[PDB]
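Only one protein chain is missing from this complex, and each of the others stays in its spot.
Here the chain labels run A, B, C, D, E, F and G in written order, and each chain numbers its own residues starting at 1.
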Amino acid sequence: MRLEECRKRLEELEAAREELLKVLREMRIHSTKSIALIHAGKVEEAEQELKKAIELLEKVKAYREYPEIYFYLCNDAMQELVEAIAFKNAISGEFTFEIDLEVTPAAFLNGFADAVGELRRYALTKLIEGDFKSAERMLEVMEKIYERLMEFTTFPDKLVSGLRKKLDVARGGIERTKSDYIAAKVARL
Amino acid sequence: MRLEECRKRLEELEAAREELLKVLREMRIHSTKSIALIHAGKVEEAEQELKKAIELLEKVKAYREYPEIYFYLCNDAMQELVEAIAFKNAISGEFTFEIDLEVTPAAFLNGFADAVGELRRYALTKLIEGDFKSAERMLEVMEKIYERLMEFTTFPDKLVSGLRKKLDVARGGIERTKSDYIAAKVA
Amino acid sequence: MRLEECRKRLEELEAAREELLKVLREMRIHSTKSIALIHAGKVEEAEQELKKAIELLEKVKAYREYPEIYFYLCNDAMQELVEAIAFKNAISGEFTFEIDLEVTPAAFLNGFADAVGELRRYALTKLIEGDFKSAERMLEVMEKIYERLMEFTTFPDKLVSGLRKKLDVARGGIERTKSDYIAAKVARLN
Amino acid sequence: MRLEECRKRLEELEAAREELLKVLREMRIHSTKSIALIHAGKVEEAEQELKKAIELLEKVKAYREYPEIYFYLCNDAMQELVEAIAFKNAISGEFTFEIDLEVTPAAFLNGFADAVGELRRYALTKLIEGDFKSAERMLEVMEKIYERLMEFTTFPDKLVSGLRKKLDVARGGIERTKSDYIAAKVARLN
Amino acid sequence: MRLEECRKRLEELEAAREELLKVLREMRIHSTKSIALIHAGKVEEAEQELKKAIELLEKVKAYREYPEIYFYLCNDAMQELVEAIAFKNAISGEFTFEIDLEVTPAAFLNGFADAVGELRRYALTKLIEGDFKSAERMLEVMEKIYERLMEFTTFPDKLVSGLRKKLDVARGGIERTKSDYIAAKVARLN
Amino acid sequence: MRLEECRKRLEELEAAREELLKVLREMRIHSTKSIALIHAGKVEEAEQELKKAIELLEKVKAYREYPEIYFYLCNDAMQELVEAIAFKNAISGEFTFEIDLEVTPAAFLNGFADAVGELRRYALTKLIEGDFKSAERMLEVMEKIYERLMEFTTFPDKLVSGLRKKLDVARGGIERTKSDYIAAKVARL
Amino acid sequence: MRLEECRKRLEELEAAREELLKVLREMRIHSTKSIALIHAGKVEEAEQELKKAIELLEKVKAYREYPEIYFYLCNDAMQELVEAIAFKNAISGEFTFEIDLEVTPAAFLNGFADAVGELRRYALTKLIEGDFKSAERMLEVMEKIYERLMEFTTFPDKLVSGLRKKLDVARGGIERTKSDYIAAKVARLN
Partner (left out) sequence: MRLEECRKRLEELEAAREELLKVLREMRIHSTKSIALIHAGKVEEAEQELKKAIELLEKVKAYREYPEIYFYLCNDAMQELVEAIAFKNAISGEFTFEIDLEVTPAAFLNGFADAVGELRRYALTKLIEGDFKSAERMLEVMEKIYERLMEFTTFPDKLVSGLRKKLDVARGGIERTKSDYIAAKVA
């Protein structure tokens, strides 16, 4: 009976949604912890955390058999994964846009932009630790990321989520980093 | 080279959105026209426009491969179709819930509540032209849609959409029709 | 020199916008006024107000020289004008979609849809007076507007804006005018 | 026939909207591409992209016969064009307010204001690479734009839109770039 | 001392608000209690409750020295008082428009309109108990109120508020009560 | 550690909230089913359902050990319990305002008002089944309920939830029922 | 006869409200105008506009005879007046909370809080010019307004409305004016 079909379907969907929440939740805990680690220096720890998070992403990819919902929740989680990943990669010199994950275009671009602000914070801590070279290479990757991401601004911001705004944010932060670098050189006299 | 990949994919999605937009718009125009005819009396042509629409629906059933969109846009047209169909089925005795259209539970359910309103408008017009039989049968079906759909009200609003509110609206229309019918019987 | 230009254009547009605001609001007021004067029985005085409005309309058309501002403000006052005119034509048997003035299409459509409800007012009141004939005619024109209008719901928003909501409004209004027509037929007796 | 005229004009307008939107988009993709090129150095290809865009402005101007939709949708793209142009001029030492385009005054003013931020970014990036010269000339055009622009904010916001905020932003950048300049000066005694 | 004057007046105003609110509340509790009494039949105690309420109107009028807060908050209670009064007058055969209170015109008009629904309720409940008389006299005052009141809706809604809606409601009840009347007539041939 | 305390606390609260949702959910299913039963005639069935529902209310009352949340969700459920109960009681002649449950004043008053619209629907079905006496006694209890509930209008509607509006609704409905009765007598000729 | 009265009062209030709207808006415009004229350097012309405003204010005070309408519209224009005056007094060393005109307390407080941001504008621009003295003065008065105002956050809304929001606004503005002041002290050098 079509009503019993749609009823069964609805229960499937509900249970689904609940566990999906749980998974995405754990994944985001790992992402975040990872970023805080990198920030505080403990990058091996970070790597391991990220690894856990990717496994969890496999469990997530499992759920796309119900495309209604799923995307209605995943995005956030996904971005931060991307974000955190790029972050390790940047502060390790192994930075690349060649992150081969099962992720949506909007989540990918926004995670990458999200990493910019992270790199500003890092470059600030280094700047204050009187380390100018790390700061400067961070700045280099900030810039790189921005310059390359703008290419996508053309697309309707509905299609690409809140990119344009995010990028303007990034941009202004990049400039602030640069002003700071200069001020740090003068102030290291 | 990835960035080039996610960009090709974006271009796709844009094309697909434009196309789905136009499909669904067409399909709606038909569902709408179908209803307007069922009211106007030309039930045959209603069956026609309806068929055209369902054909367009099977044309919609392609873009599942683009789940990043699809569902989002689809609902309000799917729910529209489900409405018109049910309406026809009630205004030709053949009222059933068991129709297969592969439509999101929400657009299904809500499409059926959505029907009740169109039923009370009909029933009322018939009541004005004397037809108490129409009106009585409609009161039967209307009460059935309500009695049945209410079983799904306990579900999280996030999946069943706003079924409860649509339902209460219907209920009230049912009462107002029962009442409009105890009148008129004063001839 | 460039800036001198765009500056002068600006000052011009400023004074223009002020005046446009005054004239538009006076027009709208006069439109509405006429509509309520009909519902109050002073249909002649209502003709006087509607006249005043249709006059001010001209002075409003004179601001099309400034397509910057002319359009961001057009909508509402003229929606009301269309309403009042639709109504007048309707309560006077010679109702028509053919009203020889444009006036944006959105304003036009929303205006008719908005005159549906004033028609219900007039029809329930005609029902109270006793007169079922005029009541049935008003119910006819109401239904007609609803049908002829629903055809444009296809079009997206932006171009159409109000329509869908205003037509579901007019709809529920039509159901009520009808129910009232039925309970009205207990005469019949008497 | 009133309902049929309106249906016609409706179809026309939606079509026109689709087109205008795509073309505006194009003009914009080139505007942005251009500014990126300037920031890269490739000023030649920059000027080319500008060219393509200003070609597009023709196709766009072709739509001011539908004033509804035209003065709504047009702002962004135009305003950003003016930005690209004014930017490029400023970095070629050939900065002027005497750009001539069929363009809404808001879009114009806002285009210059918007250019100011791009100047500051260029001026910092140079001032990092040492070029104290380029920097100072940039700060110069910056203050220029802010100073002459500020007298247009005696206009009611609705005529002038985001100008205020932009000038606020502008103001800030100016004051900051100054500091940055000075700081690099003492930085490169050593 | 400007900041100190302002704090003073502030404290005064908040206090005045607390008081006005409580007193208005009182006046209202009696207004409602009154209408309930009339619906019960106990017209004596009805008249008493009216008394208590109109006594309260003194304490309330005492606040129009703070026009800020007074003309905002006052509407409901006053309006409902005029309702109770007009209602009781109508059912004592002594219905008049010549209530005299220090009361805002919106509140006044709205009070009469509001009374109309209470009349319809009474008229139905009598017409159920047979009293065809009481019913018909009620319908009479109903039509009176609607008919006189309708000429006030030539006023812009902001001055007149809910009147229109209430008159809408009113109109409805009138037309329906008529029906009901007739239906009971044929009902009690048998 | 105060941080770990507030952490543990937060987990407790979360689990709590989840199961409380489940309970209130089941309760409301029973309420509603009960009302549809009574409407369709099957009042013994209805009784049993209501019984289930009260047991579930015991399980709910269990949770008041976390008064933050709880009330932030219960209300709805509670009202309908009240509503449905009064409803059986009214159509059974055993109507009373003496429903002795562990319920909030606002839930209680609003449930009771909510029952009025139910009784209108009932009295309409009876009216159409040409049964005028049941209609009339229902109308009697509608009226009684209203008349008695108004007494509470005085209280600030924040304190008593959306009572006043609810009562005006009820009122108009009562009048509609009455017009209908009359029209039913004339139309039974 | 009663209705004749409350009718005449109504028509009176209608004309009055129209005229009040015009006068209020003109006043507000003139206030704002003055403020932007100061931020554009034409402080004398700004003196002229602010004069015009303070004059129109009187004609506005003349409408206190109609406490129905006078208060539902008071707020915004006078908030702006208070703003422009506070600002004038502040950019002219002789700043004071003691401005000998009331003017509702809400309008007063919100007005000062809203002048905080115009003060930051003036202070950042003063910082750009080079002048740190006047900058520090402005920063003082800003901070002073913030402190003297926070004292009123206790009071509920209704009486105060805007406050807490506008003060968190002013706050973040003060932090920015400060940060700018610090990076401004790289002169010091030069």
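Criterion: a contact is a pair of C-beta atoms (placed from the backbone, for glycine too) under 8 Å apart; a residue touches a chain by one contact, two chains touch by 3 or more.
From the options F:35, F:57 or F:109, the residue with contact to the unseen chain in the full assembly is F:109.
Contact with the chain not shown here comes from a single listed residue; of F:17, F:52, F:59 or F:137, that residue is F:17. Interface residues of chain G facing the missing partner chain: 147, 150, 153-154, 171, 175, 178-179, 181-183, 185-186, 188. Panel shows chain F; residues 1-3, 6-7, 9-10, 13-14, 17, 64, 67-71, 97-100, 104-106, 108-109, 148, 151-152, 155-156, 159-160 of it touch the chain omitted from the view. Chain A meets the missing chain through residues 25, 28-29, 32, 36, 40, 120-121, 124-125, 127-128, 176, 179-180, 183-184, 186-187.
In this text, only the chains that are shown with their structure count from here on.
When the contact pairs of E-G are matched by residue number across C-D, C-E or D-G, over half of them reappear in C-D. Chain A and chain F, compared by their mean Cα positions, are separated by 49 Å.
Within chain B, residues 179, 183, 186 each touch two or more of the remaining chains.
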